[PDB]
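J.: Dock chains A, R, P, X and L with the ligands against chain V, hints included.
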Amino acid sequence: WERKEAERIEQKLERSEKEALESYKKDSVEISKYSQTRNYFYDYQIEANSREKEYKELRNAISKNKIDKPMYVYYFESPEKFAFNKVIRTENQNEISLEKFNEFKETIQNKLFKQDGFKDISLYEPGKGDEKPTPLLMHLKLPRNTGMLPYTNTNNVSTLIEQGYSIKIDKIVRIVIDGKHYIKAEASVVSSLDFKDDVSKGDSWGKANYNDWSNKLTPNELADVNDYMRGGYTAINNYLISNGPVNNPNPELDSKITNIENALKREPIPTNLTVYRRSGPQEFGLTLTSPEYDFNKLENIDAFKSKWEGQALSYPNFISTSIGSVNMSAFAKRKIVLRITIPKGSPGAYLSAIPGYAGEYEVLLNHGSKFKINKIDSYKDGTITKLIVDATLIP
Amino acid sequence: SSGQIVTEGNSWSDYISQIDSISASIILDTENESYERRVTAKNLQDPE
Amino acid sequence: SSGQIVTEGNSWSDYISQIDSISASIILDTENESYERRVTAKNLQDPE
Amino acid sequence: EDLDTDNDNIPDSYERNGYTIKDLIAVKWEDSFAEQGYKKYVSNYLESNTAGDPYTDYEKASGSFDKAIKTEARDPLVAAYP
Amino acid sequence: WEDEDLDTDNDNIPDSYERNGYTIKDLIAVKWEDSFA
Amino acid sequence: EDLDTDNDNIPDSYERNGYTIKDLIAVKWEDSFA
Ligand SMILES: [Ca+2]
Ligand SMILES: [Ca+2]
Ligand SMILES: [Ca+2]
Ligand SMILES: [Ca+2]
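Protein chains in written order, with the working numbering: chain V, 1 to 395; chain A, 1001 to 1048; chain R, 2001 to 2048; chain P, 3001 to 3082; chain X, 4001 to 4037; chain L, 5001 to 5034.
Bound conformation, chain V alone:
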């Protein structure tokens, strides 16, 4: 039924892929956790890791096989993955209160949450002997051309996938399974283009999509924006931060700002894209010596999430972002990394498309942009723990 289907797949796998799958079957948790946060290190750090080979073999084995139609998958998810820190119900309780249901409902009202790791799923709804570790059950519809690896584990045909998308929850209801209340969510995948570590692919895509962008620029404003981004971007941003047009109005810098905005507005981004930026404490209203900047202790992260997660954002100046997610020596101290999803059609441009040292895979966004923070999560970077913020740009 599925035993010969699992066989026909494993037969055509490599011996290295087979031993990688076995090592996953033995120590799945650590491998999944590593795959979640693997792309936020240095270029050479991710190369010398003693677990990168396993990740590469597993991702190749998964992506070898793809599906041709959308289909639904079923799994249990921890409710804190959707930025709900409270408990829906304890593991021994049997009933879910209406207040908890409502709190979970307005927690996930209009948001997108990103999933970036290996996962073990099922193609059939949970039954009787199936493990039910969380009070949240997910009905997710996968898109076409997504990879699944059906492997037998102690007879049970299990399925393994890798997540590279962001999901949104449409409707939630309360159901009963074996005398226990569960929250059942219907979710859908929102496709996006994400170059995590392979900056080569992102650079090639940006070149192909924005090397002709300069041609559409009128030459005077082209040289004007070019001279800005070489020498005067710091001055323009500093003038914008101090609310210069309102406090000390002057047309000399307002002309530069208008030219930059128009040039960025000329050609928008054609596809949903994700960019990574390392943010400083002054952006969040903190100082380098503030005690809360130390994320080793739990209370600092808890307070930061309580005061920032789910709220809005506003950057009067321009935002400098890079396609890649690897750590750079220019912002090594920055403990806060910002993950931004760019909706299709939003203003922006690939600065590094033009020849010369335009930056490090630089992508610029229009000033005055607003952001919404969906979820905030933490990962350990050597002897210190850095903090990851997931956000969506709104028009």
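Because the hints were derived from the structure by calculation, they are not lab data. Backbone N, C-alpha and C fix where the C-beta goes; we use that ideal spot for every residue, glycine too. All the given hints hold, so there is nothing to weed out.
Computed Cβ-Cβ distance ranges for the label pairs, DEER-style:
(1) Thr-3005/P / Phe-331/V: 51 to 61 Å
(2) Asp-3002/P / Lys-380/V: 28 to 38 Å
(3) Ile-2016/R / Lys-66/V: 45 to 55 Å
(4) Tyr-42/V / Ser-3064/P: 54 to 64 Å
(5) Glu-5030/L / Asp-120/V: 40 to 50 Å
T.: Here is chains A, R, P, X and L with the ligands on its own, set in the frame of chain V:
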């Protein structure tokens, strides 16, 4: 799971007794065709 | 994996020799019923 | 309380003192329920299948099993047995 | 509770819709109205 | 648009109004394709 009609492993005998237990039987005879039906009935002794 | 009892594939012949090798056999005869038992015995030549 | 030692989704104190199923959830028994037609159940709180039959205490009490089984085989102390 | 977001038997029809009446259009259960007939 | 109610890789409006497959992708029908 792939969206294909599977027939092996599905047996009406697993459901015959359960359908007969909770239903009433109605037959219409006419002259050229006969029709037999089962319609679900309510158990008034069970509040649930 | 569920609460169901399974007997297929569970064979006593896999344990007959192992039980006989490490046990002593005791029988009580009585008058109207017989009882046969196996009790584990210690091997003094093996320090482990 | 909320202890469930045998993991049959009926708390130990409900099994020990008496319970009934409504809306597919076990609730504490009250003497006013007998007028509405409910039945009071007790069972083994250390055993998921009190009667030893292939169905757990919750399945029997709740009627979440074959509907061809007789109604007296619904309390945990009477076995479903042909 | 007090909203039509309950599905006790988990069969894609809300409890009150089954209790009172429903019909299917575009593969979604909708609340019944007399004009549908 | 891009609604696919039955999940068969063809949008609902294309199925209603007519479509053809070229390069393994369903496209809107145009009379010059005949
Ligand atoms: Ca119990
Ligand atoms: Ca019990
Ligand atoms: Ca229902
Ligand atoms: Ca369709």
